[PDB]
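Take a look at this single chain in structure tokens; it is the form deposited in one PDB entry.
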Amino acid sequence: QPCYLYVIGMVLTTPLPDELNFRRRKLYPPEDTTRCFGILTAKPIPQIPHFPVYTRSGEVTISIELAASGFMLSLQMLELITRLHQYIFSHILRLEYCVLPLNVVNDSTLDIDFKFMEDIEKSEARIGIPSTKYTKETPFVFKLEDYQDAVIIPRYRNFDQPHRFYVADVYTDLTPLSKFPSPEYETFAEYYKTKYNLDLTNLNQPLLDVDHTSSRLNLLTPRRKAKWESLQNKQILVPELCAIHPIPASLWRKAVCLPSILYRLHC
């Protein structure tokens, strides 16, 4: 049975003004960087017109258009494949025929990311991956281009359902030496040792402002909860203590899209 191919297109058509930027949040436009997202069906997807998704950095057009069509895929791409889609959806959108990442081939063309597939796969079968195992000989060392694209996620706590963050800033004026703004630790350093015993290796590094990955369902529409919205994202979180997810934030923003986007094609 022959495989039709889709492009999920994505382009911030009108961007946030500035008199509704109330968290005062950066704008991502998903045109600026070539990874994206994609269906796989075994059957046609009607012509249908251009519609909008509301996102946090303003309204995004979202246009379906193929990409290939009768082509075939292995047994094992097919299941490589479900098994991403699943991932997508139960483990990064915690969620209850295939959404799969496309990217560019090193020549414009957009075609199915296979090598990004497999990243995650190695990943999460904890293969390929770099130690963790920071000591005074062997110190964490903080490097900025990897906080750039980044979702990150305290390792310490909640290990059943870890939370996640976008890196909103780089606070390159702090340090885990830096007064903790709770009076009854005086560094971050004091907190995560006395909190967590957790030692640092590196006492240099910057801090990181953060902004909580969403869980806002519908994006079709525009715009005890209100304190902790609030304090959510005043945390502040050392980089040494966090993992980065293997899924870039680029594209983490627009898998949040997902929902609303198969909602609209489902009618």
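So that the term is clear: the rigid core is the largest set of C-alpha atoms that superpose within 1.5 Å between two forms. Positions refer to the first chain, counted from 1. Compared with the form deposited in another entry:
- Shift analysis on the rigid core between the two forms singles out 132 from 132, 148, 74, 90 (C-alpha displacement of 2 Å or more).
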Second form
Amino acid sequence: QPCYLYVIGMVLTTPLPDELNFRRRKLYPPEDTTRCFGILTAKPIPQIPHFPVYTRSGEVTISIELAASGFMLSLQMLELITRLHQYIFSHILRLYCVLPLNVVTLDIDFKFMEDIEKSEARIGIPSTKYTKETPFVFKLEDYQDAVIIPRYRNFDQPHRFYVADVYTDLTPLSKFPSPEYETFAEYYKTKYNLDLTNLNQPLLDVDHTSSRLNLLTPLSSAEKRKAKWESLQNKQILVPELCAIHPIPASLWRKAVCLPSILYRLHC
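With the form deposited in one PDB entry already on screen, would you show the form deposited in another entry?
Just this one chain is shown here; partners and other molecules are left out.
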């Protein structure tokens, strides 16, 4: 049997208005980045009507458009698409084929997949050898569209964070929030015993990547505790030298988290 390839078209048709931007976020139109997701099927898809997913940035209209049909794919290629599929749900979201598309005309982003398979920060936390002679080097560009994880805690279940702001006015030698430490560098030294080989780097603003499965629609003592918690998490200021960059870029992570909504919608 041949193949059918659909694009999951996303547009932010209604951006979050100021009065609903409680966590005062930056809005992120999906349509601003060319890479996105798609569905590879054996049987064709019945043209579903446009439907909204409610995301951090506003109301995104989802549309399922046909990209190709009646073509073939090699076993090796299917094995790759497949592995990726399992990776998206087991590792990215921690939950026939969902795969990434990208221009060169949208198409299967095999290279991107090859990079995910090749990256050392794809499953957990990679090791590094920063020394005085081989210092951590900060390239701003690597933190524009990025998702990072702390290298120094949660080995078994790494938390992942959107880079929300690069604070260039800050350094690990800037004053630390809590009184018990003079500086960021001291905090990580006294507490985690981490030495920094770069004391000029900017610091990072973060935003948790976690989401509610179901976004098809727009509080107890449980949200009352998860309040202060999730709030403190997003008030955390991170040091790049201490964070690994995730192979999946942020702007696609934003799109990936709409996937469980969309597939639920399509199966009904």
